Amino acid sequence: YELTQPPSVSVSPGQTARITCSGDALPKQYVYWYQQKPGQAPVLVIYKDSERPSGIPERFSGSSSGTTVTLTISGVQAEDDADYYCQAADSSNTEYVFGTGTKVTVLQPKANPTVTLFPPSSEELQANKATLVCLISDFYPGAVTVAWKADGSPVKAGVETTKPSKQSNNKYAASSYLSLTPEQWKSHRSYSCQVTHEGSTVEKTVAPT
Amino acid sequence: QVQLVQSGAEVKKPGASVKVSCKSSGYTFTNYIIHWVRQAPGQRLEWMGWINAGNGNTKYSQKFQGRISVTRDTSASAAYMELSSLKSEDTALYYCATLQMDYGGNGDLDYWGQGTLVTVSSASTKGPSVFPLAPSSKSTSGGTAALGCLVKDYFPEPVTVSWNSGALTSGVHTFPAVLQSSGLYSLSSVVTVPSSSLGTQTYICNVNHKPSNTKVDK
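The listed protein sequences derive, respectively, from chains A and B.
Okay, so the first sequence: first residue is 4 according to our numbering, each after it adds one.
Okay, so the second sequence: first residue is 2 according to our numbering, each after it adds one.
What the hints contain is simulated information worked out from the structure, not anything from laboratory work.
The C-beta atom is built at its ideal place from N, Cα and C for all residues, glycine as well.
Some hints could be false.
Here are some, though not all, of the chain A residues that point toward chain B, as calculated from beta-carbon distances under 10 Å [as the list claims (entries may be wrong)]:
hint : residue
1    : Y37
2    : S57
3    : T97
4    : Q111
Please work from the sequences and hints to get the whole structure.
Have a look at this one:
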């Protein structure tokens, strides 16, 4: 038995954000709404379905109706981007369950095109016949996980390995994917024109063989 | 206030034994059940179970049986849980939960510890960073980094304070078996690229930053 809840929402700042948690055995139980900042332990934002603990601003509120409990945020702030969970119990009441988790976001990092910088082939990599170029994006808002290394040929799956989009400190997301290719393929290729796609844009960096 | 303390990061191979401690203080020790939960990276919180601070009787989650066994020491004021037969999906964060909210009622898991992170990884590193010519732009395409570094939480960066500023930490893409911790630290300067300080590679095996040679040599 697992509670259902939307996985993510996107509401511009200044507009109310609504999150729904549903369960068959819900009307006989209390929900606890938990706020978790990324890279931080969860923190209660709502308890007893109606009120918030001390130190929680008034912008959050909770309501219950039938089998659905709703968290409502009036005037969502910039710091509110986080993951929200609903905590309850099943019919037997001796098992504690958490919600799916809704990733609440406000409208959006600074948009920037993809930046590709192919690292130079290492001396050890060239000696080991594994010379390769790795492209890392400095910053990109909503960077897409698309990498297409094109060294004298079309995009090769084995040339570049996809990587998760890390969060940049400068109010953006930095994507760094390491691409591994053999030195013989790089030597055969005229130029290692590796292309990294991020932020709805594609940039290609070419280096000498 | 009520202080909750977890142990450090623990890394063992799958199928091994993992032991992690959770210590609590600052609340009336009559009855305050401490909850343990697990969190996979970028996933939902899954409830491992709960333990009694002083009572002793324990309940375990209906989904996980056998390998779960938590026994606390009331005199030691800490809770110890042992999990055997580690699986690949067990790589995750562990969190504790207790009560401080001042309007009464349990079932309100107030505080959470720092958590304990469990993974599986080998150790690896790299040598030279780059040997290219100096780029025209005032940026460093190649910086002190480790290629194919299976070491977890590797920190490849220049030993000296130079080239540290303006460097974006590279994510440890682990598509193959090796973690391949890139750890890119770009100097982001044409002058700094031509003369770059050696890049230390601590790696998982050595927590301290062991000196290593990695220069852009632009």
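Please check whether A/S57 passes as an interface residue: C-beta within 10 Å of a C-beta belonging to chain B. Status holds, d = 7 Å.
Minimum beta-carbon distance criterion (10 Å), A/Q111 to chain B: Cβ of A/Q111 sits 20 Å from chain B, so the hint is violated.
For the restraint on A/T97, tell me whether the closest CB of chain B is nearer than 10 Å. holds (6 Å)
Take the shortest C-beta to C-beta distance between A/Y37 and chain B; is it under 10 Å? Holds, because the Cβ-Cβ distance from A/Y37 to chain B comes to roughly 8 Å (cut-off 10 Å).
The structure does not agree with numbered hint 4 stated previously, though it agrees with all others.
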